[PDB]
Amino acid sequence: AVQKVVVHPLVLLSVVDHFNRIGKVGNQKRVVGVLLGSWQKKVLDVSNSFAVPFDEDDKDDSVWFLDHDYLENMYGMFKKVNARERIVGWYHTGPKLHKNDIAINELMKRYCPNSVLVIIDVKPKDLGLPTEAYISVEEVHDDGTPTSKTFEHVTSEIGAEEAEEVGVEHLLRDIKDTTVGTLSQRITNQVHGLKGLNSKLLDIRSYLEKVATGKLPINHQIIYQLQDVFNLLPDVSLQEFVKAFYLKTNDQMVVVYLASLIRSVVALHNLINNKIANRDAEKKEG
Amino acid sequence: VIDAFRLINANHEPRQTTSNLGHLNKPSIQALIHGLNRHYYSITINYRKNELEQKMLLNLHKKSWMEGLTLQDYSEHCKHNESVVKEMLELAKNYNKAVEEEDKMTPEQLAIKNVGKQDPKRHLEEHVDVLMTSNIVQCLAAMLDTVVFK
Amino acid sequence: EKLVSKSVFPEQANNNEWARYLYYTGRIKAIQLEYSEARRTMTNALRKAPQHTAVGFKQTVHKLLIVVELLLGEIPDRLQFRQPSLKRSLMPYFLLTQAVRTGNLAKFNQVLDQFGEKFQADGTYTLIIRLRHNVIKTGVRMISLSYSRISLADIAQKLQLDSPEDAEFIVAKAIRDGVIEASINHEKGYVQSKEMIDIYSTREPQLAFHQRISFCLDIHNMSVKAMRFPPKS
Amino acid sequence: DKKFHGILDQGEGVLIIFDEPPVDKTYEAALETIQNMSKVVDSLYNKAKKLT
Amino acid sequence: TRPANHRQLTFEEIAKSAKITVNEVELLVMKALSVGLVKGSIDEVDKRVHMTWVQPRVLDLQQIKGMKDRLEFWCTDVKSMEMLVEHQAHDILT
Amino acid sequence: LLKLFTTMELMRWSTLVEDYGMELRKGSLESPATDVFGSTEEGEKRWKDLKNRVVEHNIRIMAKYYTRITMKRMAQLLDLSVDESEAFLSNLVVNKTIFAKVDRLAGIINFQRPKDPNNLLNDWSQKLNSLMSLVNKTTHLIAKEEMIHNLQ
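Protein chains in written order, with this note's numbering: chain E, 1 to 286; chain Y, 1 to 150; chain D, 1 to 233; chain S, 1 to 52; chain F, 1 to 94; chain R, 1 to 152.
Okay, chain E solo, but in the shape it has when bound:
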């Protein structure tokens, strides 16, 4: 079981390049390829990738073709160039999971038994990470009865080596705004978090509307998870919670007030020094 997948920026940019070139060729919607990488005791590391021929019928979810001979040849060449990287999984730029993904994963499992799928949205109309990691798992039900092969989410993050970090930072002269202070602690979170939460709740609302009207059938597991969520929603009118909240807020504001007092004294010191300097300069000039 994978606990985390680390996708390096070179993999993402290579995926973008593959998508762009196949699109320039034309008549395609999703791109597929291999993810070479390495293992670090349940913390994956995807470092490199290469393109692979792939086509699918836009109507039938059973007419798809992946050139495994080309996959093997290119893997041999990549191994000849860098031995420490071995096949770890496959990637596809499709915005969301397709129905052929389990079949493609079964094909790739003959090259990597613990294959990990990474979906890279090259046109992200959202506010969040661009990578979603999935691992194929057998699901046993209680009423759904037949055990199907379903895709299970795995935490994905972006990391980089020193050279990759240097290159990305050099290339990031598009819009650079570090402001690590309260400004960034207000934009990168708070606003972004609330917007993402609203997006997720809107997705849940859309699904619930579809279910209630009758476009989609009922999923007991989804309904159960929603019940658990609504149960977890806390209550903030309890006297004990209110009192604890006020106590902690008072402590934080004590510290804030002391910091502001220090700031004011420093400002006064600077003003006195500046006035001394200006008076001395005027006296000397006179």
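These are computed hints drawn from the structure, not numbers from a lab. Hints are all accurate, no fakes.
Quick list of simulated restraints, FRET-style, between CB atoms: (1) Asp123(R) with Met77(E): 50 to 60 Å; (2) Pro21(S) with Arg101(D): 31 to 41 Å; (3) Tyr200(D) with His220(E): 45 to 55 Å; (4) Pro10(D) with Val236(E): 37 to 47 Å; (5) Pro21(S) with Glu17(D): 47 to 57 Å; (6) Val22(F) with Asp116(R): 33 to 43 Å; (7) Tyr200(D) with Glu101(Y): 36 to 46 Å; (8) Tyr27(S) with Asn134(D): 37 to 47 Å; (9) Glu17(D) with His123(Y): 38 to 48 Å; (10) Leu31(S) with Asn134(D): 32 to 42 Å; (11) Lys72(R) with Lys2(S): 27 to 37 Å; (12) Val38(F) with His220(E): 12 to 22 Å.
DSS-like, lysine-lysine: derived pairs with alpha carbons at most 30 Å apart: (13) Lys99(E) with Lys68(F); (14) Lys115(R) with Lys150(Y); (15) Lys127(R) with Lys62(Y); (16) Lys225(D) with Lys47(S); (17) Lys97(Y) with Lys50(S); (18) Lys31(F) with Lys96(R); (19) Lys104(Y) with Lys225(D); (20) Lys210(E) with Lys127(R); (21) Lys275(E) with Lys47(S); (22) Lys195(E) with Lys63(Y); (23) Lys25(S) with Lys117(Y); (24) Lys65(F) with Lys137(R); (25) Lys39(S) with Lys113(Y); (26) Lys2(S) with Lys79(Y); (27) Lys137(R) with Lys210(E); (28) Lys79(F) with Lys176(E); (29) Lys50(S) with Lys113(Y); (30) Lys225(D) with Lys284(E); (31) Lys137(R) with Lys123(E); (32) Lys125(E) with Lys150(Y); (33) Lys26(Y) with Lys176(E); (34) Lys49(Y) with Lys125(E); (35) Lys63(Y) with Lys200(E); (36) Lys104(Y) with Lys284(E); (37) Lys29(E) with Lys63(Y); (38) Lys62(Y) with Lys144(R); (39) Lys31(F) with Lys101(R); (40) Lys42(E) with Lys63(Y).
No residue lacks a Cβ here, since even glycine has one placed at the ideal position from N, Cα and C.
Got chain E; can you put chains Y, D, S, F and R on it based on the hints?
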């Protein structure tokens, strides 16, 4: 640090100038010593990007939404605040000591006065900034969660 | 009073002007029945007065503060009564405070008869006359501060009053005025002091700290705007 | 002598036993810092005499 | 059935509902907790049970629509706070 | 018996002695007994220790469930007198096996530790984090369902 090169034949000027674009780099002394503008010439490197490349580069550093709203253990937060205030106490003592100076100091001696010795004013400012940021962020996150989650 | 109510004092006024304004407004509020506001404003005035100079202004504000505190029923601090500058001037008020604390109409009348003219000269005779009849307020305050639950007969005995009916009326007057946080209960016949609430759990500390934080931030902003860099002149 | 944290309730013949965090160690540090910065402000007052 | 904000049942109520005397209420609730049907605690002094979680169950379309309405309220609150923060801090974040 | 001692539910000494009293003590010819609970003084001591184990198990279960209980009810459920139950609980608390506070004047046994404001706020934060994770998981399930049922 990257550059692009091409050679010069055994001839005159290697290239023709129809703009100022070429003469904007100030070739480095090391390259000039090792043969720049004599056996080879440089070419400007440009980093034109497409929309998807730009978007992916910008999105690389974006964090998960839940990380933004996630709070921070209150025991650890209070411990950090306590530690920094205790440090600020000694820094204030040293600041009082230092303020009494700066009048018995040569105009040149002041600069070298802060060489190998702590600067209470600078450290107090840094601690104030860190404390303000942390506490303001925590309070605002707490209130936002209080409303959002029922 | 009308002019004060209808005019807004400038905030960017010198500390000396602020001291004068605070003293005069406190005088007006003390002549009227606003002792709490008078004491607050006049403490601010004395605080804002210049440290070294302004000896006479300090004496005047101190005398008025003594009288208004006695009227409110507290006891002025004794440190101010021994400062070299305000030593001889405040002796009559020292004796007045002594009598008020050890409430004794004989001593109070003796002090008033002796230093009658100086009170008139300094402008506090009428307030002292009010104190001469509201003296008991201090005794009731001390009883409330000491006892958590006392009988009206015991209050009468301690305050040297007549039958406990007068004590009950006085205590009710004090409770309505807000001098004492207590509730009377005649079905048993005792006055029970209210409990002390946990101020910290309340939002009040947040308000106080927010006020002070805003003040400090304003100080820093104005101290940064006060800077001058003159070489471009 | 502070052997155990508790208080006696005479009349009712009871012994109450409790656990207390008597001090915060942040408020005390804040108070000490306030005193030190009061000294700093005193020194600034002395230094401002040169302005006059 | 009980709303999430109260969710604090009493011994007499459980006895009346389950047709058992008040004494066996404690054992019934303990069996429920042990099996894992409900989560909570028992306060014999006050004669109450504080249920904090009951097992999920299958819901009909009316209850699904109720959940949708609750989600609507939640999303409205989220959007309101997002707008508040953005408007108030536009100066520092442009 | 092993299942009885592994299940987290109250058990009664009288019921145990009635059901397994003879099988574990005298035995039967098909399954012979053991010297664990013989008629000797060692066996008597071991029987007493088993009774103490039953009492401890009951106390642990009624501490896992129960925020406050009365001493009369705890004695009634442990099948011992009030004084004996008090002594047993006090010994357990002193030995640090379980946490309990006896309010003798009111006869209440409190099994919940004091709640610091830090603890309360930490619990609230943990609940919020769990809520966010559950929202993410629900979104993943919804996406899977839409994929499965939307193309056709």
